[PDB]
Amino acid sequence: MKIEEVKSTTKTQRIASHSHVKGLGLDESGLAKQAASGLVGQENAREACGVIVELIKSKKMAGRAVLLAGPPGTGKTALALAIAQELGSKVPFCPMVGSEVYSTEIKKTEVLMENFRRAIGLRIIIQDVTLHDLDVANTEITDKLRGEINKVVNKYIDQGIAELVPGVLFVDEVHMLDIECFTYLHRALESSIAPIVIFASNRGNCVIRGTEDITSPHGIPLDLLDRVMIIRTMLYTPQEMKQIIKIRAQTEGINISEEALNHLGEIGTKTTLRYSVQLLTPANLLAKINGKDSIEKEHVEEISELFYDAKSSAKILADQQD
Amino acid sequence: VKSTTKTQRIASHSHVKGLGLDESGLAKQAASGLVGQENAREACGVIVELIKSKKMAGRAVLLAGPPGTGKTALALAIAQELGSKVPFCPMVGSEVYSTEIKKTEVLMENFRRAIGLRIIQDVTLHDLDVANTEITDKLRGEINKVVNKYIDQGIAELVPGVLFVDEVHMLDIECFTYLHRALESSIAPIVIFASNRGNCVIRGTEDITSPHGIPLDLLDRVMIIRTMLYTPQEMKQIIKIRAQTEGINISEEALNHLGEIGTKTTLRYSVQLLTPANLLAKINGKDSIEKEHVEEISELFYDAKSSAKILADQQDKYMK
Amino acid sequence: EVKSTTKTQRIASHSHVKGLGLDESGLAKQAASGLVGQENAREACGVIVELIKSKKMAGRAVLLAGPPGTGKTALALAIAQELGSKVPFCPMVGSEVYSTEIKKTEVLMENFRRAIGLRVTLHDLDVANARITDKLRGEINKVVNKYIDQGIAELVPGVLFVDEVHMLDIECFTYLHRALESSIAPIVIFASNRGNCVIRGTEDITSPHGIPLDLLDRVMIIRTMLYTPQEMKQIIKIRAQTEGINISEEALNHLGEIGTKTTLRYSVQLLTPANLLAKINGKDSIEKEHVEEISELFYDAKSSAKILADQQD
Amino acid sequence: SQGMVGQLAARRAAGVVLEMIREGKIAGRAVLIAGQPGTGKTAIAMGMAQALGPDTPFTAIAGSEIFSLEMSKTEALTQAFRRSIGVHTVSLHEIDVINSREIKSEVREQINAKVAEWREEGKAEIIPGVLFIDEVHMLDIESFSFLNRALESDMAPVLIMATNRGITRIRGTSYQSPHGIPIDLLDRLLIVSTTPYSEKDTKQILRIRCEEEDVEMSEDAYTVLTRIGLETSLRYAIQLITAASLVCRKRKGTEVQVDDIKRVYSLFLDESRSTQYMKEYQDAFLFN
Amino acid sequence: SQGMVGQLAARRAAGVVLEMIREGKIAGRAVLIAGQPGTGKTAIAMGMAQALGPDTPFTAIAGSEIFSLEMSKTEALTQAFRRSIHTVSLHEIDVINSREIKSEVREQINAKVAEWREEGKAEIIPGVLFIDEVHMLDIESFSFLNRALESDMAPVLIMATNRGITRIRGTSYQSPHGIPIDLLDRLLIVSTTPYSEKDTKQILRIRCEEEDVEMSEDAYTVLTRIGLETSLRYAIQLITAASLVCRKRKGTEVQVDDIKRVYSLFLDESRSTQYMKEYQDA
Amino acid sequence: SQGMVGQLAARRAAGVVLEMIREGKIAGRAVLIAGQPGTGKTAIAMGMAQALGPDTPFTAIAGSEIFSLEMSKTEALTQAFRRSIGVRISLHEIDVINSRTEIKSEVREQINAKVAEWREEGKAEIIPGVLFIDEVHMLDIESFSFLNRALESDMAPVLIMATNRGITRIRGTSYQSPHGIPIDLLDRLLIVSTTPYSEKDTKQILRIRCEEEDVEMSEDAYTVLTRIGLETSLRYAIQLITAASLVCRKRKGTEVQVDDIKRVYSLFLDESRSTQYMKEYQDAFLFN
Ligand SMILES: Nc1ncnc2c1ncn2[C@@H]1O[C@H](COP(=O)(O)OP(=O)(O)O)[C@@H](O)[C@H]1O
Ligand SMILES: Nc1ncnc2c1ncn2[C@@H]1O[C@H](COP(=O)(O)OP(=O)(O)O)[C@@H](O)[C@H]1O
Ligand SMILES: Nc1ncnc2c1ncn2[C@@H]1O[C@H](COP(=O)(O)OP(=O)(O)O)[C@@H](O)[C@H]1O
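For the record, the sequence lines run as chains C, A, B, F, D and E. Mind the numbering: the first sequence is residues 1 to 124, 234 to 247, 269 to 452 in the deposited numbering, read in order. Mind the numbering: the second sequence is residues 6 to 124, 235 to 247, 269 to 456 in the deposited numbering, read in order. Mind the numbering: the third sequence is residues 5 to 123, 238 to 249, 271 to 452 in the deposited numbering, read in order. Mind the numbering: the fourth sequence is residues 43 to 129, 240 to 253, 267 to 453 in the deposited numbering, read in order. Mind the numbering: the fifth sequence is residues 43 to 127, 240 to 253, 267 to 449 in the deposited numbering, read in order. Mind the numbering: the sixth sequence is residues 43 to 131, 243 to 254, 267 to 453 in the deposited numbering, read in order.
Read the hints as simulated data drawn from the structure, not as lab findings. Don't be surprised by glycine CBs; every beta carbon is placed ideally from N, CA and C. Honestly, I wouldn't trust all of these hints.
A short list of chain D residues far from chain B (calculated; beta carbon distances all over 10 angstroms) [stated by the list, open to error]:
{"id": "1", "residue": "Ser-43"}
{"id": "2", "residue": "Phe-100"}
{"id": "3", "residue": "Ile-127"}
{"id": "4", "residue": "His-245"}
{"id": "5", "residue": "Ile-268"}
{"id": "6", "residue": "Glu-271"}
{"id": "7", "residue": "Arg-273"}
{"id": "8", "residue": "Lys-279"}
Short, incomplete list of chain D residues facing chain A, as computed with Cβ under 8 angstroms [what the hints assert, rightly or not]:
{"id": "9", "residue": "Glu-107"}
{"id": "10", "residue": "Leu-434"}
{"id": "11", "residue": "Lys-444"}
The calculated DSBU-like cross-link candidates involving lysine-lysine, where the alpha carbons are at most 35 angstroms apart (straight line), are [what the hints assert, rightly or not]:
{"id": "12", "chain 1": "B", "residue 1": "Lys-441", "chain 2": "B", "residue 2": "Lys-418"}
{"id": "13", "chain 1": "F", "residue 1": "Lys-279", "chain 2": "A", "residue 2": "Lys-108"}
{"id": "14", "chain 1": "C", "residue 1": "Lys-445", "chain 2": "E", "residue 2": "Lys-444"}
{"id": "15", "chain 1": "C", "residue 1": "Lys-376", "chain 2": "F", "residue 2": "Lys-444"}
{"id": "16", "chain 1": "A", "residue 1": "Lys-33", "chain 2": "D", "residue 2": "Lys-444"}
{"id": "17", "chain 1": "A", "residue 1": "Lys-59", "chain 2": "D", "residue 2": "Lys-365"}
Full structure from sequences and hints, please.
Pasting the structure below:
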């Protein structure tokens, strides 16, 4: 039950694509700005998350959750990150994909019960620490140990010594969790130490995983879909899309001409924003091989010829096969 | 005796005392509780005389007919008249599916109970199975060797009873084979199935289609009997017999209106509105049930089909 | 140490096959060493015999694609004949892998050991060295690699015939893909008479002959063609001779159309029962009368089920 | 009265059912409450618990609650009936955790006999509770079989089941039945139907919840919101309120104005629009 | 004669099969008897048991009988072959020395039997096995028979079936009679044809004799006519229920009037389904 | 140069991927080499193995090798990643040393922790290898989940995947994705497309394979042998040579002539004609 601020696991790769996101960048009465704290555009959704920030601070988020529906490449992990940033002072953030719960060497209930405990922290001459660390300091995980640490951690707050900072749990690809996983969450979201759960989905009316006749919105059950607050994200304009790319290049230390964003932006409009942003690094390295400081439009047209997006490459192989 | 016989199942059949046949074998219009349904009543009369004359070696009986047409009632009738204190065991086919107990233990427990020994103490083979820990097949062969010996010694007589297996189309291919094997032995009771379904895929093969959901191995050992739906004039006669046995006073007109629900939904539904209709009359301080009441229950409570009619039909416009 | 419980019951219908009847040139004589016709495929087997003797068959298999009853096993048995004297031949059907008392990997890995012999098969060295398990598999092979090193006894690999290849699931193919890599393997000769089939155990992947592409590439395919009524009579005439059955010249003509109507396997099966019916009437040989009767008494498989479905109507 | 609004049909029907419970004539029946989602199916069940007694046990377990890996389905259902039977008074599952500590099934049958003694003793006294199984079509024939064995008991509670489904495949088989319940049980059920709320009924409901969350509101913002409720869903309107005050009280309005309800309606969507936006994007992406 | 009637084709075909049994040439084969339900498939198989010998073991297991939750399939089938081979069969000896059976106690008895047999003290004689509705078996069980037929002491297998092309249970392929093609190339197939009107009458005339029940000539042509219309199985059922009605009114012997009554009371599967498919649509 | 022939597109893109490996920027990605069968997907992958190191480990495992009888999928996959991780002053190599019979998770963390000691010690050094998983659409969501838990590792090797299928239902799900890979992973892949070999490219390849069995050949032979190669498969035509020389050497010809190639082309078929003939016969008896 020792406190370990230093001992932690951080997925560098997951924060790295959102290193620039510093704050939801809302001001005044929650009014969004065209560009603030790294974010750009998405004014509608950015304003709304500003409200959810308030419901959390004012303790109104009683057993509620958040759902961010929208096409992929629209700033959904970014906003959920910013909400973790906006609650302030290094609140935990645990991004996980829905398809991680299907693992052979560990039960599904452990994979979720784990990711929750990584997202609730305790700032306790003081050092912060997550509930999962107090479990690993507590090689056996038991249902008895859970309530014990919940009493031990909550006896400290109830002593007034301890304050609980609950973080954000981001579950992407929510339509891949089966019923047994949602019913596990459904009781965990009832607890008083739980974090905020922020789901995310780009599918539509999805049948719940399993042989289920039920057709449900976003593949979530009806009983849990009632405690959800839905927020929509919209596709990025070519002009906005460029201003996103310009911010990643600045954060990587990559010098890129204007015409290279004008072209690199349009490929984003075609495939996704995630595809375009990935081409920066491989473009830069090819820019080094030809001994240039900055990425010329020749380098983007070149990388664009070598590497493919999944949505086209597979299209080729099926059709060339046919 | 363990006195474990169920009563809440036969509660809807308290009035059925006999098959109500004359000496010749032609049905009377109503006697010993039964009403109409003469054709099946006469046929059961023949089945009664093959059981007593020991001609029912191996054979079973099937009562094929729509729901709420007296299938269970006719089975219960035969047992009482055939012998004094002859056991009747109703069971639905869907009872074999239980997690806390194997299918064989479900079928056998009912099979053994349907059989009783007249020593004088009458007791079912199953009481001797719980009288003689866990009851395995070794224990059953032993009792049958110690029971076939007692009767042969004159000390007791074996009275075989009735086993009614409703919803036969829900027993899988494994349960039947367990029955067929037991139905050939000598101590078994008379097995009476019942079905309201036509050709059905036999549960557990996903390709075989046989009548009523029974294998052809066993279907050639069954004597089929049909039952026809009750007329509006017979419908009103049955409900009056239940209203009496419940000690309920019903108005003559309301007995007509309750009969039409019989023709609309089922005889099992109309009979089940008696009790709740009576209590609504007690609320308004009446002795009998008047037409206001039956028109009141019939708009408060719903039969199964109409309810799903409402929801599913609301479901097309509810969602788009 | 040897009871040699080899499938004689299985090869009983191939007693006449003595070899591939090859000629001095690549072409082989029209009729020799038992075989008749089917020349094109015969010549190819003549090539496969060389690549085995010249040790070029490393890793490769043989696939005999063709309609049923066109001489697949007979060639595969002949190939075991040409590769020297008394070389193992272990015909197995693909659906033998599905067994309750045995893992699939056993009965496959087992038939493979029955087919590689020494100067005594490697399967004999597991019953003789029995605690046959995979631990003991890796031990006697190296314990026998030593004997070839010493020259005390020489390894002759035989033939394995896996019929109905489309019935082996994806796990069995991956197993053979392993053991066909080792250096003590025999020549695996598959046989199939179906086109594209969903690979058993995948329910979505379609491949030629029901074989996975990883293994379907190390295979040399050889087609067989159906027999003419002309040739088909000669084969039936050959089986009668080897069974001591005197047959009328007219009956072979009426027993050659019934073949081309159904199969060659069917017509050969009608010989024995036809002969006994002639014994009933005290005849020396089979007259046309008899085959006129057995054709009425017994049925080929597909026609019988043809009748019952029409009786379903 | 007591938070009911409208629903007079089911409320009355529920009234009748108490009488067969009071008169001891409910043995071998059940109650099924059929109707669209969130039309007070829970409430009507909660109601009968209250009106039937001062200390009647009550349990609210869903169908999908049984498909968890915590224990068997039977254990989960057994624990439900055991909890919903009261015998101060404390339930039988309450007693099981004392006289046990999982539970050995021997412990259960052990406590059962001892309880038949104290009840027979005349010191301890038994009272049935109410079990409510929402979303009942999730259960399967292996769990329905358990209920019929459970209702046959003498100390059994009253079972009440809810559902929002018409003809459906009986979960666990290949046949269709009304409400996804086996036909052996539907001929014992008293089915009670709840109809969707009217316009005035809706307004009264929100006005009760606002009191519960101390939120001032204009008559225009009250009836603009009720309009939303009938157009989309009642559980949506009730969601917006707390989020609506926080915008109004942001600019320090305190009394919610129609502007805020127009605003917050534009920020958080409901499940209908959520799908249709996804569905539109899906098909235009499938386009070419 | 075993009171055979008709079946002129299958009866002869069965006769030919006995010769390859007597001549020691049935090794590596089996007999399949295809035909409609109730055309003496068991009887024709019972016939060959009789004519082959006075003490030949005969065993009747149905195809679906293997699906037992009591024992696995292999015990179900192994116990069949063992049971079908003064004089006694192996499975009967198997229970004595196994005073379920221990796997070692079978192979034990086999070695002991190879001594007394080779000794010249005891003699083994193969019997006949009959597996009705063989299409019920699956590839897991078909594999067992081929391994089982290889034994020297194996019986002759006789399989019945009333189905044409059918999905081989356990796979996704369609084979005639639901038997794998590796096995159909070993079978001797015999087809049993439906009975004529005259053939039917003689059958029912025998079973009335079997149960001591008289009938008028009109009744036979009526009862036989019912036989052809619905099934011989049904008509044979009506008799015992017929006599009990005729004996009811103190008639001497069954008349057409009683075949009339017993007909309108008990029904066959054809009318039972139609008088219920009418309700099913409605 | 260096045996590679054609594939000029993929050869260059493969070149860039080395740079993200050398510059330490491959972490959290992988390479997918999409392309029809027999277009040198293994070669281009093996080229990265050669071009990147003097001792770089390399493993070539197909997808279907995971569906094995004698181990779990986790076991088989884990042993792959262990083997493909180099170490010298591979991890799976040491595991038969510090263990002895099987390997356990506690045994692994032992050798892994001990290796964290000798690495930072300055005495032992670790270098990642290259894992090549051909036929990747065979894998399922239980195996893809393992990779995402694997590539996050500090000494994880570079993953290279091949495949020849477009949309597929992800084995293990009810969902379709391009290349049979989950969408959570495809947003982390660098895709390379390999094009089918041109005519001159094919001829050059055969000329190398012939040389390998010291099989000489006439010019018309190559021109004819290439035509079959472009017409059927590069993997077929290479099969004929070995068999071809044995016919030429049968008539002591000394050098393969078109008569042999026309001959052996007539004796050993290819998968295309093989099926067609089956499918022709497959229909006729089916017609009846
Ligand atoms: N409004 C934004 N401001 C800053 N970065 C953004 C914005 N929208 C998208 N991005 C960037 O685009 C990438 C995709 O993040 P996200 O859209 O959440 O993934 P997905 O679209 O699959 O949910 C990240 O680099 C994210 O920071
Ligand atoms: N012939 C009959 N005469 C009088 N009451 C009958 C008769 N048959 C059935 N009943 C009664 O009618 C009601 C419904 O019929 P029931 O036999 O339960 O239906 P099912 O046909 O499905 O078995 C019960 O109260 C039952 O006792
Ligand atoms: N070329 C041949 N010459 C003579 N007899 C042959 C020839 N090929 C096959 N036979 C015989 O004809 C029958 C056909 O068996 P075969 O077709 O080879 O097996 P399969 O049907 O599995 O392909 C066997 O009796 C076999 O010995």
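Q) Which earlier hints can't be squared with this structure? A) none
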